[PDB]
Every structure is written in C-alpha cells, then in structure tokens.
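Chemist: Below, each chain spelled out in residue letters.
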Amino acid sequence: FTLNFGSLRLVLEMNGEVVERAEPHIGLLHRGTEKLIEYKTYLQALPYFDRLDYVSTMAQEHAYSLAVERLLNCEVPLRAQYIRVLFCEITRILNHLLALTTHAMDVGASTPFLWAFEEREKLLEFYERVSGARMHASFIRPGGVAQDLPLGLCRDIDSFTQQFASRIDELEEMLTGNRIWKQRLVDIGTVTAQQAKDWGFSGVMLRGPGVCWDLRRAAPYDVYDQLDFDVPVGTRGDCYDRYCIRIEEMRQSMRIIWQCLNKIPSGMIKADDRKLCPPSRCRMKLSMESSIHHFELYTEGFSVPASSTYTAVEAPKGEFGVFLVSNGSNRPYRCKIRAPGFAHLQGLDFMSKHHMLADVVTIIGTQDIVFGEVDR
Amino acid sequence: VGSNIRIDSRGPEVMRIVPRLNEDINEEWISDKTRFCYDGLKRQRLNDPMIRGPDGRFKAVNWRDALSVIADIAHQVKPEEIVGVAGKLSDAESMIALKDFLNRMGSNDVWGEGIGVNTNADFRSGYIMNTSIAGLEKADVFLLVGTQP
Amino acid sequence: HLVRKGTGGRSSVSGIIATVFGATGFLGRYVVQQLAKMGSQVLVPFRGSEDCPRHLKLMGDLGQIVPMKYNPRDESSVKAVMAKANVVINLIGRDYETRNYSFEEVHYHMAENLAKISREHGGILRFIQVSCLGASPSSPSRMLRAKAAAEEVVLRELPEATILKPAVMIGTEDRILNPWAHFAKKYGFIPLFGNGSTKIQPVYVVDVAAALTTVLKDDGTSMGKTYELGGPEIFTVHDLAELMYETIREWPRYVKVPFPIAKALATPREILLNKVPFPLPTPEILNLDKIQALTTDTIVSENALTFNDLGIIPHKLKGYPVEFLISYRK
Amino acid sequence: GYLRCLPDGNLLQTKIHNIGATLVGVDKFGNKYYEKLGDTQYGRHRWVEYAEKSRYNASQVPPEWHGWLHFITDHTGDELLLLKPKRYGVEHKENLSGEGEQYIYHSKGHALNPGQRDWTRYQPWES
Amino acid sequence: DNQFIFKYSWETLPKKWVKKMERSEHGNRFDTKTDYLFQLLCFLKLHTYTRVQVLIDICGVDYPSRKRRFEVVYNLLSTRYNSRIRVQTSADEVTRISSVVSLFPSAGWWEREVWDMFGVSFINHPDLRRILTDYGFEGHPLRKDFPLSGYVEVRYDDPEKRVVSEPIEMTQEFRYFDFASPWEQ
Amino acid sequence: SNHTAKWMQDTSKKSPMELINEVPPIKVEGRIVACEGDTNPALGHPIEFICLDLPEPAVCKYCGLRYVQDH
Amino acid sequence: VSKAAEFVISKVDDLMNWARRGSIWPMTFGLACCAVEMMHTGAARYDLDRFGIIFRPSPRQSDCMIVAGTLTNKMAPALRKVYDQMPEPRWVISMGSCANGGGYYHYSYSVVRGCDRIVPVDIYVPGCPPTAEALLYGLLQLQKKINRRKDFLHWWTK
Amino acid sequence: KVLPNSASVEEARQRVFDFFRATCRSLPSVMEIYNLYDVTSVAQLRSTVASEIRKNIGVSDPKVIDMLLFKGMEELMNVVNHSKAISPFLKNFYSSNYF
Ligand SMILES: NC(=O)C1=CN([C@@H]2O[C@H](COP(=O)(O)OP(=O)(O)OC[C@H]3O[C@@H](n4cnc5c(N)ncnc54)[C@H](OP(=O)(O)O)[C@@H]3O)[C@@H](O)[C@H]2O)C=CC1
Ligand code: SF4
Ligand SMILES: [Zn+2]
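Chains as they are written, first to last, in the entry's author numbering: chain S2, 11 to 16, 25 to 394; chain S1, 300 to 448; chain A9, 48 to 377; chain AL, 28 to 154; chain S3, 2 to 186; chain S6, 31 to 101; chain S7, 56 to 213; chain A6, 9 to 92, 118 to 132.
Just so you know, the hints here were simulated from the structure itself, not pulled from any lab data. Backbone N, C-alpha and C fix where the C-beta goes; we use that ideal spot for every residue, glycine too. Treat the hints with care, as some may be off.
Unchecked claim - DMTMM-like, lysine to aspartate or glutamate: derived pairs with alpha carbons at most 20 Å apart: (1) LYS9 (chain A6) / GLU41 (chain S2); (2) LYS200 (chain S7) / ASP35 (chain AL); (3) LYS213 (chain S7) / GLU317 (chain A9); (4) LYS92 (chain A6) / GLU370 (chain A9); (5) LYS199 (chain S7) / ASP98 (chain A9); (6) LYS63 (chain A6) / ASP26 (chain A6); (7) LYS52 (chain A9) / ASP35 (chain AL); (8) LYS205 (chain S7) / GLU97 (chain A9); (9) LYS66 (chain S7) / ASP35 (chain AL); (10) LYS145 (chain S3) / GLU41 (chain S2); (11) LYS136 (chain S7) / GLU220 (chain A9); (12) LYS140 (chain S2) / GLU188 (chain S2); (13) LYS131 (chain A9) / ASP145 (chain AL); (14) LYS126 (chain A9) / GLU159 (chain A9); (15) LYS92 (chain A6) / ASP36 (chain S3); (16) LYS79 (chain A6) / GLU94 (chain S3); (17) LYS79 (chain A6) / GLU40 (chain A6); (18) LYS200 (chain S7) / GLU153 (chain AL); (19) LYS116 (chain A9) / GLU128 (chain AL); (20) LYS52 (chain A9) / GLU121 (chain AL); (21) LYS9 (chain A6) / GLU188 (chain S2); (22) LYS398 (chain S1) / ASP371 (chain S1); (23) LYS120 (chain AL) / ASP101 (chain AL); (24) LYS104 (chain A9) / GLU167 (chain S3); (25) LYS124 (chain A6) / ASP347 (chain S1); (26) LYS199 (chain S7) / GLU121 (chain AL); (27) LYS126 (chain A9) / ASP221 (chain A9); (28) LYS52 (chain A9) / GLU94 (chain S3); (29) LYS162 (chain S3) / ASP139 (chain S7); (30) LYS293 (chain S2) / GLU94 (chain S3); (31) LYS272 (chain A9) / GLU159 (chain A9); (32) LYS104 (chain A9) / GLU161 (chain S3); (33) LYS57 (chain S6) / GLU78 (chain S6); (34) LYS363 (chain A9) / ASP286 (chain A9); (35) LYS365 (chain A9) / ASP221 (chain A9); (36) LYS68 (chain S3) / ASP69 (chain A6); (37) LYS162 (chain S3) / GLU207 (chain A9).
Claimed, not checked - Examples of chain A9 residues lying across from chain AL (beta carbon under 8 Å, computed): (38) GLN88; (39) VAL113; (40) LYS131.
From just these sequences and the hints, can you work out the full model?
Modeler: Written out as structure tokens, the structure is:
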C-alpha cells in the first residue's frame, strides 16, 4: 500500500511496515534561481548562491567566486584566501552542527540541539561582526572579500575554538556510545562505494563507504595545500560511521581554523585591479578613475571572457559545483547549480529499501537534505 | 522629412527622443522640434469621447454613444454637404479609412491638410522630391522657389 | 464616468471605488471578491472585530481592499466611510432581532440613512441595495415588510438606485442548507414546517454576485429598476430537503410539525429577548420570522425583471452549488 | 513598579537582575539603562528598564541608547545626545503599527492617506 | 590540470564519434553526436584507464540562434585517476536523445530536470515526468524565449475555496536595465 | 515648491531647500575651492572643485554650499 | 451599555486576552531559509517557551501559523489546506521577504508574491532573514495585537 | 516508459491509437476525480478528445507527433492526479484598444 507524507513530500510503498520503495517529490521549493541568475549580473547573482544550501552559506559564495575567477583569471591576495578558508571552515562547522542536531532530534534526542545552537549563535555573531547579517552574508566576492576583518575577531575565534573543542567532546560523550543511538544508526541505510559512485554521492556520504577521496586534497582550491589537516573515512558506510565522520570533520575544521588564525598574513582583502574589484570609498571619492570604475562596476559588471567551466568545492554537504557559461557580456548566459543534495535524495530510494519509517527519517537526517539547494 | 528617431521611454511616458542613423534621410542629426516634441505628448491630451451638450459644455460618454450620435447625424444630412478633413499628421491607414467611409456615405469631399482646391495630384514625380536627398548631395546648382528649408 | 486602466483581473484599476456596507456576511464575500477580481477598489466598512474583514483582505491587490471601522448609528462615521466612495452597495441586514437592533432598525432606518448620505454626497454614481424576494408591504414576515419599506424609501430618496431582490441563497456559508445538514447529522431528522408543501426559488450566491456585477456594469439601463433573482426551477421545501439528504447520502427523516405549534415554540424567544438584558442564542431554525416568511410562497412574479432580462442564466442547484455539503458525508 | 512582577514574571527577572547592577544612565523617556560586569556572562551585562511597566515595548529604546544596548558601541546615550545633529531631525517615535490609522504610515496613493495623490503622468485636456 | 586520461582517451577512443575536442584549463571538452553518446560514455565508464565511474551532472544550455538550440552537457569525474571530463551534444526540441540511466543510475533525476527545464526528451528513461515545476506546468522555464515571470500565477479564490491559477497580471513589471557597453567588444 | 510638494506632503517642517537657502554663503580667499561635504572627506561626497570668477555665489552641485570669493 | 456592566465586560475581555496572549501555540511553516533562523529563535538564547510559545506539529491544535520561507505555486495549495484546518481563533505571521511580497524571487515563475495572496496574514516580519530578535519582536507584536480583542464586548453589543 | 522516436507514419498512427485507448480507459476515473456528472456527457468528452486529435492532423513530422503524444500522456497523468449581433470587431473595439 502507498502511504503519503506532506517542504518534504514523500510516498512510500509498504508491505509489513517494511519500506519497499520511497519516492520523494521535491519541486515544492523551486524558485527559478537559474533563470534569475541568467537575468541578473554576477554581483547581483551572488546572493542567489547565498540562498542556495542556506545552512552552509559561504561555501556557495566560495564556489561561485572561484568559478568567476576561473573564467576571469584574477589573482586573489593571500590574506583574502586565508580569511575565505577560515570562514569556509566556520561554515562547515555550522552546517555539521545543524545536521547532527537535527538528525538527533529526528531520532529523538532533543537536548544537544540547543547546545549546538548556542555554538551556532556564537558563529553567527562572528558572521554578523565580520559582515552584514548573521545569515546570507554576501561577504565572499570574486577577486577577494567585501571587507576586512574587524579587530578582535581573531581573539574571539580562538576563544570559541577552545570552548568548541570542549563542546565537541561534550556532544560526542552524550551521543556516541549510547545504546539507543547505536541501535538507531548502525546498519541503517548502508551504501557500498560502487553504489555511491553510481549514484553520484559526494562528501561525507561518499567517504562513508570509504572511497578515501576528498575535494580539498584532490583539487586544493585554497591554502588547503598548506594546512595539513585530516580527512576521515568510514570502514563500512552507514549512519553511525557518517555521524562519526561528521564529528571528525568538525574537529579538523577547528584545526584548520586555528592554523588560518595562526598564519594569516597582512595585506589586502581583494583583487588589486579596479576593473574587476570595486575601489574603496576614499579612493572613489578622491580619484577620478576610481570614481569611473566604481560607477561602471556598480551599474554594469565585469565582462568575463566568453567561456564555459565547471568549478566544484567541498561544501559541508558534499561537492557543490557551479557550471558557468558566458558570452562575453556582463550577465551569465547559463548557470547550472549541482548541489550535493540532489544526488543524495536520489540515493534515498535504494538507501531506505527494506527499512522502516524511522529508518527512512534517520536516512534523511544523515543525508542532510536542504531543499533549497535541491530545488535550485 | 520622416527622419528616423529612437524614442526612449520609462514606463507609460516618453522620456526622450534621440536621432538614429539613416544615410538616406538624416545621417545622424535631428531638428529641435523633432528632438523636443515629446513634451507635448503629456499635456492637453484627450482621453475620453465627449459630446457638447445644449449648454455648450462637454460631457464624457461611451464610444458606443459617441459613434451612435455621429452615425445618426451623418444619416440625417444629405450626402452632398458632407466634408472630411485629414489632419497635419495622419497615417495612410487612417486616411484611406476616412476616404472609404465618407465615399460609402455618399460624399466625395475628402481632403488633407495643406492641399489646394486645384492640385494636380496625378503624378508622384509631380509632387515628390525626385532628386532625393542623395541627389541633393550630388547636385551642383539649386533653385529654391516658394520654399524656406 | 469610470475609466478602466488595465487588462483586467487582479492588479487593475477598473475606475470603480465601491463601498460595500455589510461586506462581512454571506453575500459580502462573493460581491467583494467579484469587485476585486474586476480590478476595482473595495472599501469594506466593518462593525466590530478587526478580524471580521480579514478574509476580504486577500481577494484584492495591495491597497485595493480597505477596511474601515465605523458605528452604524453614527452619521459622521458613515459619511467618513463613504467619503472616497464612487459606488455604494448595501447588504446590511440580520435574519433575527436583538435587544439593540430590531428588524425595522437594521433594515429600514439603515437603508434610509445610506440613501440620505448617498444623496448628500454627489459623487455616488450607483447605489445597489439588496433585499429579499418576498419583500412586500403585505408580506406576513416583519423582516420582509421592513425590507420592502426600506426598498421603497431608497427608491423615493434616491431614484438613481438599483434594487436586487434575490431569493434564498445557498452556498458554503448559507444559513438554510448548513443548519438543515447540522440538524440531520445531530438528530437524524429535520423539521418540516407545514408538511413542507410551500415553494421557493433558491438561487446560487455566486450567480447573485455576478448579477450584481452585471447591474454595476450596465450602460445606464437599470438606474431605477428592481431585479427579482431566482433559481432555474421552483423547489418545494420538501424537494430541497430531499436534495440535501441525497447530497449527504443519508436517509431522509421528517416530522412535519404544524405551523401553530411551530409558532408557539418560536414565540418565547422574542419576549425573552425584549425582557432580559443578556443576549440569547441566535435562532438557526426555530425562527418566528422564518415561519412567518414560510407562511406564503416566495417565487418570482413573472412581471418584474429577472435573470433572463439581466443577461445571465441561473445555475442549476444539483452539483455546482451543493458541492459544499459533501464535507458534512459519513 | 514592583506589583507588576506577580502577573508579569519578566519584569520579575529584570528586578532579580538589578540586584548588583549599576545604573549607567537614563534617557528622556524614562528608560533606565543598567550595566553589570564582574561574574556575569557576556550576553547579559547591559539592559534597560523601560519605566512603562504596563505596556513596555522593544521599540521604545531611542537611537541614542540603541547601539549601547545592542553592544554596537561603548558610547552611552549621553554622548550621542551631545552629538545629535542640529538644523534637522525628529524625536524618537515607537513602532505603533496598529495603534491607529491616523498613527501608522500610509502611502501617497493609499485611500487612508489624508491627502491622496493621483498617478497618471499625463494632463488631460480638462475643458 | 590532470590532462592525462583526456589525452589517453583521444589516443584510445574510436575516432568515429569524436566530433570535436577542446583542451582548456576551464575543463577538457568532448563534443560528439547524439547517436554515439551512450557508447562513448559506456567506453569511458568501463575502460580501466579512463574510469569516469561517477556522473557529476547533466546540464542544458539554450542557444536560440543555432539550428539545434539545446546543448546537453555531461560533467563526469574519475576519482581513480582524479580528473574531470566533459561530454556534450546538441539536440533540438523534437528529437529524442539516448538516456544514460543504465550506465549511471544518478542520471535519472538530472535527465528529468533537463526535460523539465528545456524539453529534451530521452529515449530509455524509466520515467520522464516533470520534477521541479508545478503540477500541470505548460512551458519549459529555462528556454531563452520563456518569459522570466512565466505565463500564469496562483491566488486563492474564495468562491471556489481553492487556489486557482490565472494569467499573469503582475504589478511593478520587471525593469530590464541595458548596462552593456559599446566598447566591450 | 512644486518639486518639494511632489516628494513630500508634511508641509509643516522645513524642507531641505529652505535649510540650504538659509545656510549662508561661505567666503573663501582663493579663486578655487575643494568641496567635500563635511569635516571628514571620507564621510562626505566626491571632491568638487568650484570656479569663483562669476560675482554670484556658486552652488557646489554636491551638498550645495554657495562658496563666494573673498575679494 | 452601563458603566458597571462595561467594567465587568472589560475585565472579562482582559482575562480572555491575557489567556490567549500567554498561551500562543504557533505552528511552523518552515520552507526555504527563514526556518533556520526560526529554529535559532526557538533555541536557548532567544527562547520562545518563556512567553508561552511552543510549536505544535498538528495544525488542529495550533493557534497561529508562522509562514517562514518562500511560497511556491506547488506548495501554496498545501499551505492553504493546512491553514483551513486551524481553529477559528487564528493568526498568521509572515516571516522574511519571500513570504511578504516574494522577496528575492519576486520576478520568478512558480513563486507566490507573498503569502498574503493565499492566506490572510496578520503581521509581517521584515528581514532576509529577520534576526531572531526581530522574529521574537514580531511574536510580541502579535501578543500586543491580540491584547486589544474585545470579543466579549462585541458579542454583548450586537 | 518512454520509447524511441517513431520511424514511420504507421508507427506514429499506432502510437496515437494507443494513446487514445489510454484516454478512453482513463475517462471514468476522471468522473470520480472531478464530479461534474450533471453536464459531463462522457460521450461528449470522448468526442472532444477525438476532435482534439482530429484538429492535430496538420502535423506530419513523426518527431512532432511523438512529442505531442508524450505531452498528451503527461496531461492525462496530471488530470488523473487532479490538477486543473455587432460583429467580433466592434465588441473588441468597445472593450479595449489592444485587440
Ligand atoms: N437569508 C438570506 O441569505 C437572504 C438574504 N437576502 C437579503 O440579503 C441581505 C444580506 O444577506 P446576507 O449577506 O447573506 O446576510 P448577513 O447577515 O450575513 O450579512 C449582513 C452583514 O451586515 C452585518 N450586520 C448585521 N446586522 C447589522 C447591524 N445592525 N448593523 C451593521 N451591520 C450589521 C453582518 O454582520 P457583521 O456586523 O459582523 O458585519 C454581516 O456582515 C439580507 O439582509 C436580506 O435582506 C435575500 C435573500 C436571501
Ligand atoms: S526572506 Fe530571505 S532569508 Fe527568508 S526564506 Fe526568503 S531568501 Fe531566505
Ligand atoms: Zn559639496
């Protein structure tokens, strides 16, 4: 018999409480993001990437800026690269915390939710101090960043890193090793590496089986090749090993954050050329050419050479890719948005096969489907 | 002259008029009247069919009522004393429609603005610029009679 | 003259500012929805709670539906509400009495006040007032007599006023089919009144709203006319009850109480209401005014203008209008 | 205002928090701004008592004290009042937004506006 | 970088279907015919030295000027040899191209998305229902000729007691600003 | 006047036009000035250089302040 | 109509408004990316349980619908169906810009230009996303709005 | 299941017949889906479907025929899943200028 659930719509074929098959209906959050991006300039299209995969905000900005710089060939300063890495790892910590605690609530554990939200509130305070708003902060731009770090941010992040090491130990002690948690997670929605490769899994969902492949090491798109962090893999891909991988990724994100704080350089925050990066307020108010370039960059945009490329980054969900096709104009001709939730939600069908309803919700929580990015 | 122009508008109103390239008519230039005639399009603009009542004031009515009263008055009078006058600006579609309507009403007194009583309009070479603007470029001696270009 | 400035539908102009007195009722929803769909602006004057016109807010574009709080006994407040009005629609009226409002006060005096204010405010182009089909000076029902007097005084004070006279209107929020269904579900039977041999011509509420919209859109052909509105075919009360029971898929059951005992049962409510200072429950079925109206048949007179003269055919009452009764099945 | 604590319970929390606090300032609307350092967590070391116990609102904080209360600035409201601009400016007004049509903001084309302006961008002949 | 298996493919792949190749730092590109796309992807997926066994995604690009307006692009990855490859073809509105669901099971939803957005139908898809847009959607939103705001909009109709769909009548029309500079070329 | 009444309907407070007409012209010794908006160049407007050969006061066209040559 | 009956009616209305204000049971309609900020509002810092707000997953037991996120043409019928099941004392809080007037996807197919077109919304919370501070401000504004409900007086004077 | 493009007019005709069969078999389900029994006239609905097929005869491309059948089957699935004398010139003239 068919059982319907109604922004997650899902129809399940059941025989004896055992899930024979599950079919999701996803379009409930379709918003025409690609069409709007085609209709808008690159800078005006950056907030669309802010909105996509909203739990991990600045990862999408990083991917979009990397694609634009690849199509544009502009050098980003070392300080901008380091602060981008720092905030990408902060974003990874935020997304992992939210995913783990929403999964725990769906399982039934309610209390770690608010502790991890206290941590997330600290991180969103970091976002709000460095940029405009707590969420959807258009901070990462092509060629660099919007603004420099406010003073004291590094010290506050160091204090947060220490207290957050304590918090991760705390959460792991409560959740890991619990008999109920183990019975909920182990041997639930297992995926072989061949199955993951066939269904196009990425990130934790792909390293859970143990393919032993990470994007930050295969194609280092930042100072990542100078940060000597660790990449955990799962012995037998299932919910428990994916959860442990997420915990280890939080720890390694803290490690990378400390390294970036320690070896952050002193310099500029964006690309040197004013044809591609807007000049400062003082420069545009004092210099004739700077005023011209500010006016042109805020009415028109930088005209990227006509080319097509696919740039992918290791978003906390997985591999987030943007396929940009240009025509030499100030607006992107085509922008395809490959999110690491579209493939995982396909994987739901075979993952939650011969399982039960609680196993289905556990698998959904483990895959961490954010519907904005799957409905891009 | 029929100089080619580009009308730039922002919404329901015309904002400016600029010249556009047409080597045969106007190379890249435009007259002051042509350039700045857009301002008159938003003043003293008729926007409703109206009938002058017995008191002499205008009352706004529907297109149905206006056309009905016009048709009744047109049928009332004999077709000999019915005259049609085309305006200074009017497209060929409107002018031919007016001519056909008045002819089918029985009147042969349709004329355009600036046309004399005895005008030999049977020859386009008679009443147009045969030399053309390019020919004016190619010309060597000009005799301007009755005109102030 | 009203001027249309749009293609139509939502987010248009239509050049009409319609003040709909009594727009929070059963017919008010449909008339306001039709007016807002036209693209016109609707001023909804509401009496009491701020959430009464809440639904009416969603059927029009931004700023098109404007709710105004007033006092029905305040001439200055009525004038302020009707300050920006272009046309006026009147639907005010209650099926029962209250210690504050009687039938005469809620219909005749309010219609007189609306007509006087519309006459004083020279900017009003149309005044559409809704009454009942059986509204006659000789009608036994006090409410019908009051509505007839109200329509007469509206014609006298403001000759440029159209009067609609719909019959009993059925719909999702009607006050006959819904109480009948509730009584049938609760007690397994419904009370027929005088063995249910009397005849009516129930009319669909969206059809009435479309009729009012057509009256508003008339090119000056119905300035001072009265339009009697009724359904396609005459339904006896018993036939309407049978249709209701068939729609709900329940077994029909009737008691057919005689008129004298029905009037005796409904009598004490009026004296109690006039005596006690606290309100009494509203009579959904056992209403003396409804009994008095049911004493005589309420159908079209075949003389006054009807749906055919107005230009829209009535909807048959089997499937389109009674589709709401499915929620009452099982 | 202490009797409001029994049916409020939130003013009760504020009064409990004003045990060891120091009154850092007061505004012209009566709001009393308190600071409390020492053994206090970061998020709860600055606050306000609105001096309107019945219907205190979150929008009653003037812009002069808004930044200090929200931890944007270390400058108290007195310095910002001293730095308040001249030759222009309006007094602080709360977010009524529902206290009356005569109080709320209305667009120039809204029917509720005291003066409603037509929008057609053309002048008819107007015989 | 990592242009190893791309060159190895061009050395070993049959030359019949390689319509054109592009060696770029933005991504190595293969453009072929729609008839041989399935065979080409089967060769790449199964060959031991070009093991692109994971399909990153399938995209569509609209080119109204060309005779075959639609361009179907396949981004693939080789984790064993750590490199990305791109294989694309050209399809028009009516012609149906081969489906690669059998090779890569993940291709089903991306192919449904391509159908939804452009109208390029696939030959061997187990199902090809719309995935992203509203139920009963009439057009293909990602086509260039498709208006940005669409053709219809929804609202609540009180007499119908349901959300109805009506032709668009939106206020504050989209303002297209022409920022293009005549000296950009 | 018409423009002020078109964008504003308060008609009770002083419009910016009246305030900017009330602020007196600024007397300067030199023939040219640097108009910045306020005491902090970074918080004002783009720098505007104004010629003062004409006898009448010259509006800055930014933060219009009517600089006038001394002699 | 008197001055003592009016006082008694005012006291009864005050009690009813106090109860309805202190026992608001909103239901999340958590689409898009105001729902994460809503969960932040429900977190430890800006806690909602203090004021009586507790999220009821069943629409039949909920008091007010808080629509946070983008409303899609594919989801608007579901929103209306869920709203219709709520009890007659009901309110709507439209959080963000998507649910107010379409927000950042206003000129887009399959996007409802604000939830006002589907359900009658009482209070809009501007922001994108509105701070949890601002959303709790909007909930307090809902409490203030339902703090002036003279239901008993209106019933008495009919 | 989607099939390759029809290579013959006879194959396109067979597919059209199969689609018409599917519509006819799925007609009574639409009866309980929509509930317009008063003025449905199932025979009239079949006649209207046949009239649509007959007004779509000007097409001769088998690819266009297959695409039309695919969209018709999609519409059938959607309907099953319940997803909804003054001459012509003078009326338009009285209505609006744009006609
Ligand atoms: N029974 C029927 O349905 C039929 C009715 N009619 C006629 O149509 C009229 C309108 O019917 P209908 O809309 O369906 O019924 P309603 O009673 O629902 O509509 C009347 C509206 O006016 C309000 N109202 C009631 N009494 C007063 C008052 N004293 N002062 C101010 N406002 C008041 C009502 O409640 P609130 O104050 O909350 O706004 C409601 O909004 C009837 O009065 C009757 O003459 C004709 C045929 C059939
Ligand atoms: S209003 Fe802004 S923050 Fe809220 S759902 Fe929309 S895009 Fe996201
Ligand atoms: Zn200046």
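Chemist: A separate judgement is required for each hint: does it hold in the structure or not?
Modeler: Now for the hints, and whether the structure bears them out:
1. Restraint check: the Cα-Cα separation between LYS9 (chain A6) and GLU41 (chain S2) comes to about 17 Å, which is no more than 20 Å; the hinted pair holds.
2. Between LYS200 (chain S7) and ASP35 (chain AL), the direct Cα distance comes to roughly 18 Å. Compliance with the 20 Å bound is thereby established for this hinted pair.
3. Between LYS213 (chain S7) and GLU317 (chain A9), the direct Cα distance comes to roughly 15 Å. Compliance with the 20 Å bound is thereby established for this hinted pair.
4. For the proposed pair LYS92 (chain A6) and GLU370 (chain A9), the alpha carbon gap of about 17 Å is at most 20 Å, so the pair holds.
5. With a CA separation close to 15 Å, the supplied pair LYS199 (chain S7) and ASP98 (chain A9) stays within the 20 Å bound.
6. At roughly 18 Å between alpha-carbon atoms, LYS63 (chain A6) and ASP26 (chain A6) fall within 20 Å of each other, so this suggested pair holds.
7. The straight-line distance between the Cα atoms of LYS52 (chain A9) and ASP35 (chain AL) is roughly 54 Å, outside the 20 Å bound, and the hint therefore fails.
8. Straight-line distance between C-alpha atoms of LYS205 (chain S7) and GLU97 (chain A9) comes to about 10 Å, which keeps the hinted pair within the 20 Å bound.
9. A hinted pair counts as satisfied when its Cα atoms are at most 20 Å apart, and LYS66 (chain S7) with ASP35 (chain AL) qualifies at roughly 17 Å.
10. Using a Cα cut-off of 20 Å, the hinted pair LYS145 (chain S3) and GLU41 (chain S2) is violated, with the two alpha carbons roughly 31 Å apart.
11. Distance check on the hinted pair: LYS136 (chain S7) and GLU220 (chain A9) sit about 18 Å apart at the alpha-carbon level, within 20 Å; holds.
12. Taking the CA atoms of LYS140 (chain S2) and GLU188 (chain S2), the gap is near 17 Å; set against the 20 Å cutoff, the hint holds.
13. The hinted pair formed by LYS131 (chain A9) and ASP145 (chain AL) meets the criterion: a straight-line CA distance of about 13 Å does not exceed 20 Å.
14. Our distance criterion of 20 Å between C-alpha atoms is met by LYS126 (chain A9) and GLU159 (chain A9), whose separation comes to about 14 Å.
15. For the hint pairing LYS92 (chain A6) with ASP36 (chain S3), the CA-to-CA distance comes to about 38 Å; that exceeds 20 Å, so the pair is violated.
16. A hinted pair counts as satisfied when its Cα atoms are at most 20 Å apart, and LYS79 (chain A6) with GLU94 (chain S3) qualifies at roughly 13 Å.
17. Between the alpha carbons of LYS79 (chain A6) and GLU40 (chain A6) the distance comes to roughly 23 Å, so the proposed pair goes past 20 Å and is violated.
18. With a C-alpha separation of about 47 Å, the suggested pair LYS200 (chain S7) and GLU153 (chain AL) falls outside the 20 Å cut-off, and the hint is violated.
19. With a C-alpha separation of about 10 Å, the suggested pair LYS116 (chain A9) and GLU128 (chain AL) falls inside the 20 Å cut-off, and the hint holds.
20. At roughly 39 Å between alpha-carbon atoms, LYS52 (chain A9) and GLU121 (chain AL) are farther apart than 20 Å, so this suggested pair is violated.
21. A C-alpha spacing of about 52 Å is found between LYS9 (chain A6) and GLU188 (chain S2), which places the hinted pair above 20 Å, so the restraint is violated.
22. Distance check on the hinted pair: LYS398 (chain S1) and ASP371 (chain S1) sit about 19 Å apart at the alpha-carbon level, within 20 Å; holds.
23. Simply put, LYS120 (chain AL) and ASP101 (chain AL) have alpha-carbon atoms about 24 Å apart, too far for the 20 Å limit, and the pair is violated.
24. Proposed proximity of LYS104 (chain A9) and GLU167 (chain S3) is supported: the alpha carbons are some 19 Å apart, at most 20 Å.
25. Distance hint between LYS124 (chain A6) and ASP347 (chain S1) is fulfilled; the C-alpha atoms sit about 18 Å from each other, no more than 20 Å.
26. Taking the CA atoms of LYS199 (chain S7) and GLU121 (chain AL), the gap is about 14 Å. The hint holds against a cut of 20 Å.
27. Between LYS126 (chain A9) and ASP221 (chain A9) the alpha-carbon distance is near 31 Å, which puts this suggested pair outside the 20 Å criterion.
28. The hinted pair formed by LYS52 (chain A9) and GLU94 (chain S3) fails the criterion: a straight-line CA distance of about 39 Å is larger than 20 Å.
29. Note on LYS162 (chain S3) and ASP139 (chain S7): the hinted pairing holds, with a Cα-Cα distance of about 10 Å set against a maximum of 20 Å.
30. Taking the CA atoms of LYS293 (chain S2) and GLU94 (chain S3), the gap is about 40 Å. The hint is violated against a cut of 20 Å.
31. With a CA separation close to 18 Å, the supplied pair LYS272 (chain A9) and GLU159 (chain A9) stays within the 20 Å bound.
32. Between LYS104 (chain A9) and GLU161 (chain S3) the CA atoms are separated by roughly 16 Å; this keeps the pair inside 20 Å, and the hint holds.
33. Restraint check for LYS57 (chain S6) and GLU78 (chain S6): satisfied, since their Cα atoms lie roughly 16 Å apart, inside the 20 Å limit.
34. A C-alpha spacing of about 14 Å is found between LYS363 (chain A9) and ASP286 (chain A9), which places the hinted pair at or below 20 Å, so the restraint holds.
35. With a C-alpha separation of about 16 Å, the suggested pair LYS365 (chain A9) and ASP221 (chain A9) falls inside the 20 Å cut-off, and the hint holds.
36. The straight-line distance between the Cα atoms of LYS68 (chain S3) and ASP69 (chain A6) is roughly 17 Å, inside the 20 Å bound, and the hint therefore holds.
37. Of the pairs offered as hints, the one joining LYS162 (chain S3) and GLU207 (chain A9) is violated, with about 35 Å between alpha carbons and a cut-off of 20 Å exceeded.
38. Look at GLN88 (chain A9): its Cβ gets to within about 7 Å of chain AL, closer than 8 Å, so that hint holds up.
39. Of the supplied interface hints, the one on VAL113 (chain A9) holds, with its beta-carbon coming within about 5 Å of a beta-carbon of chain AL, less than 8 Å.
40. For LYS131 (chain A9), the interface hint holds, since its Cβ comes within 8 Å of a Cβ in chain AL; the closest pair sits about 5 Å apart.
In this structure, the hints that do not hold are numbers 7, 10, 15, 17, 18, 20, 21, 23, 27, 28, 30, 37, in rising order.
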